[PDB]
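In the form deposited without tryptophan, a lone chain appears below as structure tokens.
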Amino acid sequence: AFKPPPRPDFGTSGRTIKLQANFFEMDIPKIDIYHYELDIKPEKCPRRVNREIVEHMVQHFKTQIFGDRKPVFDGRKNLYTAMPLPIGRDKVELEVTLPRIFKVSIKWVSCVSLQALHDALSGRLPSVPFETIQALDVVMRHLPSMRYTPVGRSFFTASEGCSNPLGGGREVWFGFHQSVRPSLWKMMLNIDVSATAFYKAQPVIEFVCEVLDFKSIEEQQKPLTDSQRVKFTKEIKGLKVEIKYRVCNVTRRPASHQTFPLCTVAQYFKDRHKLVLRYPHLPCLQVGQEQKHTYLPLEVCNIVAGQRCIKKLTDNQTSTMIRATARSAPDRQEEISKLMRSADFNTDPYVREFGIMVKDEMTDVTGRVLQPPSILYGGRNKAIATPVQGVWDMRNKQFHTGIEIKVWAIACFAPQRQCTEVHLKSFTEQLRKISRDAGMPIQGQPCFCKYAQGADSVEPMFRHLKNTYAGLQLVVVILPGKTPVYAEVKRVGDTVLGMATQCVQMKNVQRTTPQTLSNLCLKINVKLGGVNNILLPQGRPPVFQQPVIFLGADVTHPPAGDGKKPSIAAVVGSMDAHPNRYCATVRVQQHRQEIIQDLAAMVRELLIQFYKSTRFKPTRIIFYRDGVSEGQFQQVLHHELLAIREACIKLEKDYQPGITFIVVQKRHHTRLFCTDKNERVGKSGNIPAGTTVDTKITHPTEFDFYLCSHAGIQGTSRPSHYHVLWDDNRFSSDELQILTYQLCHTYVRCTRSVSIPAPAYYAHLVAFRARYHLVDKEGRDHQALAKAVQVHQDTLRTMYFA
């Protein structure tokens, strides 16, 4: 299956709230615009170089062509004009000299009708013509692509009149995201602010000082320590410098000592260029070809402007970045608004050429604030908790189903001197108190409590515990902060022996709080098979009247700059009618592949376990799929919808449950703000939990909505977006929106509505745990990685990822 279903209706549930979105309405003319194909030889040039080439070409060849007209260009092969050029489908070949000569061919390809775009935005046309949207994108990006430094769909520039140094030769550049989007109303310009790290365009000498912590360079006047030379080398290698060259290495010898087949560097610069070095003690930059011999003294070189820093920031740099860029929701809103008035898109000569107007104020949108579900607890009292502003508490409440803990052990890997037996005893007493209150009685002292040190001690201790203590339910593992012992505990517990473990940092043992201990109990109960709470059964949407399984799926990709690590696919599935308990599946797969390769096998496993747990076969499968961008919807849907079907088909016998396939995107560039100040919640001033938007700024024909399910603590809340790619079950907007919100209240690790539904959230936890199982380990290769993430038989059916 392929085509996403149309929006069935609009939601009606919940009180209204006035909102503003960072979407700016566009007025687009109803005219044909003209699309030309460009070919530039040689063709290996950076996109920015191509834009320059075309810019000169446009100025140079005006009299024959382009005379009044201002073309826009995508930096590759696509040029657009507001009026036609004098051409046929007949190519015209031009020569361009750039202060290098280029051969450029211009060939007519098509007319883009903006009239058709209007119709498609309206009801009239069934589909949105991508190519037309792409053309508008090229118009809006034309000038900023050359005026600023493009990064993704954003643009960055050095800030005028201020500096935000990060140290280490790095600094903060502020910028904005920009994208053109169709909507139920008009075309929209989506604008958000952002910031990212760039290298300071400074003398290399200054760069050296920042990297090596020299106040000034004169200290010392010796050549560098190899370690100093190595550290500097790590930082500058790959960066571009100008006198433009990319640095490929730093010499071991100083410019004075360093020679090449042609004498010394220093002497060459004395002789040929009549320059004498201030600092001939320092090494040279080797630039250009690694196997060649071009060397530049540090003193003659500048880091060239506008190079983004790709490397991870240090902890101090990160701290500085956070402080420089953190903003409340109202402050974020004002910054976007100020940016829009300053950007003045309507005096952009290219936007102007195409007769486009952009509104300078945020679009007004009405939201609805859904009512939260009630949360049912257990014990005698069977207390009901009522969320308010996205939060509830467990005070005077007991777990729906609490586990009695009879046999448990403590392993303390923190040093006895810092985490004493008194600490452990007091922590134990306080934990037992909180746990009894929660209906998860820890009915005695641990059966075993020992200090250990180092990763080598984990496996023999755990094997001893498993072999010795019949009925052992839990090992509480105390850690001295960040340590490789954690990953070893999870390797052994989750994958080697299949034993429940709960780690706790030493600092939270030495000094306990009731809220931390309570939260800890949330995880312990779940890990041991308990049910913390359930949605009030009678408050659930009607989908629950028949057996239904809820799946959450995510792929997590390796960090920036990584070239060989696998991506990790995780799928979880509900295992009861509440829905509360989940089981997990996980796979390693191709580097940076978003499509879940082995999804059919994963879903089959989950369906089998669902039937084993409930003795029902689902009549419906609700699949929440995290993190797929719009440009991947069709490709992902095609493989993954078919994989779900395949799993069903292979199980049985005309078993064809209805599938609802929903993409959840937490990371996108849509922000919503309270119009009225009295609606702003808390210090951060965000929209309230439950705020739902399915009008105005959403898709013109398809079934999508924003739901900000969580209370915003800090900064500006990201309202999660939900796009229904497939729906056999024919949900109404209301039912699916309410279902989705209720699922955000079923996440076991906290008494709060979280920002995405529990199944999607668990899928993330599963993928992250697999990554932990793979630390320093990432056909024969694939099998090794696959073995590493496979949990023990006894762990298979548990919520070990909690």
Given for the second form:
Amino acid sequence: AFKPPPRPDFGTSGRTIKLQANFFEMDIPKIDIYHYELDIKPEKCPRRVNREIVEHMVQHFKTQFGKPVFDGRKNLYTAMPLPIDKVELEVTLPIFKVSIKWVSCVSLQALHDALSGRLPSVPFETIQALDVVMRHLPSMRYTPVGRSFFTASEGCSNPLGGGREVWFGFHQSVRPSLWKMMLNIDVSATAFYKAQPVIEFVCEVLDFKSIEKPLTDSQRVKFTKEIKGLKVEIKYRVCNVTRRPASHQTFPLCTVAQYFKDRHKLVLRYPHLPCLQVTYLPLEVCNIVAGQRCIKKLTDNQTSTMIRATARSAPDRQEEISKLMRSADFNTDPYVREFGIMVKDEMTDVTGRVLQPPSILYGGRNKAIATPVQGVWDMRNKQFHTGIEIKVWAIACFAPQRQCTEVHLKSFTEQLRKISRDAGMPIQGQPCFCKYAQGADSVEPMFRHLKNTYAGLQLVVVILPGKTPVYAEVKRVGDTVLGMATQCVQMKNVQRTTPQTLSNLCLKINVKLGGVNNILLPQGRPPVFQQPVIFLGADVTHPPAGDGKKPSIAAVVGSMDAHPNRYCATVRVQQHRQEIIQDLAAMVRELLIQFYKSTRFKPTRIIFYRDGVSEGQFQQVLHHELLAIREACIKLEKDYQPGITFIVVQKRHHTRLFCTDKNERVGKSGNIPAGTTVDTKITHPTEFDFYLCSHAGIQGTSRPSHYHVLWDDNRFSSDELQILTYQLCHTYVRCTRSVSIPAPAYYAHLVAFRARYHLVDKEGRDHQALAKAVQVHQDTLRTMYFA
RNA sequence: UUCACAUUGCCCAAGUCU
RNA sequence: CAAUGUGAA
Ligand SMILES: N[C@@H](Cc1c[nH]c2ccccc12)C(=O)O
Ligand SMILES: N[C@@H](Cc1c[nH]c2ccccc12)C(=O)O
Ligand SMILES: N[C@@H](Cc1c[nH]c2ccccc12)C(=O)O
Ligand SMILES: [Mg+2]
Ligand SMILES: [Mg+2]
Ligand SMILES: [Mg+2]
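Counterpart to the form deposited without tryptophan, namely the form deposited with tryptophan bound:
Next comes the full complex, this chain leading.
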């Protein structure tokens, strides 16, 4: 329950495809490098201040440092050793003591062996050392954000308004591979505050043209909410905006305007404006400090502008990474060549395989088979594998009568019954109930009435005028209070129906009512399906940036048949920003019990797809969650020990894959085709991992999902696990498309997001309250309410 | 709240000194 | 899932 298994073999399925990856080969010298520890007092100074201190120090004590790199905290590295036995030094800032002592030697050669087959595991300390080398210069030249670097783009202004603009940048990371050390580079963009005078900032915030008396309370509060917490220089952080203008704002030995008239001989041009409190500064003498990322949520218009800047087709992104690398010229970096490192300026060539899609089996009389082409099929001339007969249903229209008329509802109804009959999900008649209502208050009594009145009620269709709190209320009552199936539809999709939208709607409705839309062609499935097997999907979703006390939400779903198609869900609230699923053992236990009730089999194998865990968390997560899965098995039955396969799925990494031949580019966005698999060259030197781009990239540059096997009792071959994973991407019921992650992992997301809706404005006694809020009704417990 | 893909928001990372 | 885009039988 600890060390990840070795790669068993390499995959062989699928035709080959030439690819380019945004990985750049590194040539590392075979020398010892030297690690030193650095203590600085005081030790709360920002990482950038620490970097500053060291670099002025290094160029000070040259002849006592005969080009060291620094990680901004405690670690310093040199290519050739120092004369230095601990030493304590003295430096001066634009009054620091720096402790510099030798701790160890880092051999890059040892890393060379780990990249070879000689060493089983890559020595992390070597990788970190290389990362610090590659990060030293851009950490002082640019503005660091995570593993990325941002700067104002020379020659261009990309304003967002409101005092904000777009900074362009890039992600940078160092990683081992089957081939060589690789520099992973991707381009990015993010919102920064303009380094403008506060006066101009005021005008952009308050939508002023020039500069238009003292400020309205509404003007003062808006400007206060925009600048509070930001840094300004004439270096201060703004904590408040005064209520009084500089004319009258007073401080004990006496106004602000008079102090500046007297001491600095400065007569304020706009004394009618309030002061920033940081002790008060007039707006006129203050600039917004450059390089402050905008943490706050962007406006709708700012988002739109941002999208129209970070939106690039695959070839466009490919070209921009390449142009960045050729302009970056990593090989002229003084610290890089100091350590004898050479970075290749061209993308690494990789050979991928394009896996064949499974056939999708439908039902009805014809029992049609659909063949995915480039990640997409459709349901024309096809019926559900198991279609639901809808006898008793109701409509609740919360949209206004004037806009969503009885004629609209009638026309929507007839169109839906037509599409649903074609799909093999016959809606046998008119609804038994159809009424208008308004506001969240009407939801609960209306649904109780429906439940008490109409025996065998199967569904409530709910018409919503658009974004409204009524939706959350409908799901609260439907999912957790009364246990009733609901399907919501936006008014505009009732007013104007299309075959495609109605058809997609029927996919969800059939599923919600217990139907089977389609199944993988049974004979086309990998050998693992010969024995009872349960597929688990797990995810944790964390609160937005800046949030302080909202819980994280853990969701786990499990397959309930052999197709696999039907899933049951479990969900939990847990500690703020904790990734480890705390109550997993209980969740899996529930799923195993439900599996046995549905199939009358005990799983001989458990396949666990775990979404969103980064490399630095692998061992911690695996340790708790693998043991949790075992615990669930143990407490169920004596010596019940099914084989566990633990797979981490990452969609949000920085690996991009491009077609080498423009002949292979698919569609407008020019992405790699669905099914493209990579398990050589750029993947892990010893462990079992692969990229699988399972979906059609219709938009921008596709994110190829990465799969990392942390544990495998079942000893999968590369081929079977890759094919299995790909096939599970075709089992997602909400669309006739191969999706970007396997359906169980995707369902886990939907469950987590539904719980978040159950918690809107509700997030010991605290925990029990929130836990109760996400607990679904007994009747809902065994349904796909999350669809 | 028809749906997928894409950008960001999510663990690690990053960030915090008159 | 929220904001914003591009798309679909
Ligand atoms: N029903 C199958 C058993 C089976 C195979 N694979 C499964 C996966 C899940 C559940 C059951 C199964 C049989 O007896 O032939
Ligand atoms: N404990 C289950 C039955 C069961 C025993 N061993 C199992 C292994 C897997 C799934 C279910 C089981 C019950 O209460 O009915
Ligand atoms: N099969 C493993 C142990 C194991 C796998 N799955 C389990 C589930 C529960 C308990 C133990 C296990 C072994 O060789 O020992
Ligand atoms: Mg997650
Ligand atoms: Mg942390
Ligand atoms: Mg959206």
